[PDB]
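Just the one chain here, the form solved without the ligand, laid out as structure tokens.
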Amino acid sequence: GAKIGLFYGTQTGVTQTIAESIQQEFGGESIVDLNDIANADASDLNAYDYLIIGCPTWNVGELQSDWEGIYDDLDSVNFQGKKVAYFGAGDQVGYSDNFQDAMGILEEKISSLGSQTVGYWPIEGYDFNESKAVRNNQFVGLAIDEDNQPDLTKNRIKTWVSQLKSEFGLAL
């Protein structure tokens, strides 16, 4: 199949729209497989050397419901040697204290299981107080805010994907 597997869970439909924009900026279905995490098992992640994990943060202290189900099954996946990128939708004004928290939670688990995180993203284009996805001044992945910065989403996705092509090692 495709080199890159993109697994996402969606509540509003914003995550799925972002997933399809990412897939488009990479070159479409031939480069990136879209996989709704609701209809998958953890072992489906084994099928790709390059992964992209999409998960929103909409209620603080809570993973998106579908990811919470598969979270305790990640221990079975063989993440050694894989490169994993992350993205998520959020509201940096309404959730200024927990902006993209879910991105942090999943990256910590999956990185500690032996993967290599790629696709870090600068916080300076944003205005928020705290994020589990940030140690100092980078998110672990792409932060999208359709509520407060919708005009930036398209160029953010395009620029992040160019960065990922190099980091995945699939650019020319």
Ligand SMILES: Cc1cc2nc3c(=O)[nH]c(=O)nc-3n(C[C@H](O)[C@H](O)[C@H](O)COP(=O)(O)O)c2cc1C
Second form
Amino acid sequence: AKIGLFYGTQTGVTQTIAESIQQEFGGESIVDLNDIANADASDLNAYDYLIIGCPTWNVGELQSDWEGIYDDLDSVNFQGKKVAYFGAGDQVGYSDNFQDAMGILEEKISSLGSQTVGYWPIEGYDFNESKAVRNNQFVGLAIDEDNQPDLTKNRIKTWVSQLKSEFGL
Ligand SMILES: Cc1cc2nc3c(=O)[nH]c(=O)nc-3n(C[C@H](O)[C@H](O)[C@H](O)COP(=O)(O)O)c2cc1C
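Could the form solved in complex with the ligand be shown next, to go alongside the form solved without the ligand?
Following is the full complex, with the preceding chain placed first.
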């Protein structure tokens, strides 16, 4: 598969989202699904297209497995890659740090030469601050299973449709 999806998860939500994204794209032959806990930073070199999934924990921190590999990201040549992002969060309980992890990863990876694609509009959300917002859009798909579980299915389908174009599908 030419698209590699790497996710990290504490309670399983981001994994569930990752599986739905893969299925939406068309399955295993279209997207490779990988838990970043089992990966090496160099594994990211194999793809032209990447999807990065990461929930925000402990008031604005990266999920643990992403935190562990964070410093090794500098060794990956992101030049020429197109990268999309998704994250799970809680806009009510963490209004001032909603989806911060997604924003932190995007900032690091884009500065290494990749092009971010898959921007998502902020309509329908209610939060005060987020490190994942640029030009009044989220840098990736913001999922909130804690407060908006009913919006998830549709958010994923719509986001994947738009991404397909960018990934030459
Ligand atoms: C103690 C705690 C701290 C959290 N901190 C944040 C946060 O800073 N920002 C945010 O958007 N969501 C935060 N959340 C919400 C989680 O990201 C959310 O529950 C998500 O679904 C967890 O995904 P996971 O199962 O993939 O780890 C927090 C959740 C808990 C229980």
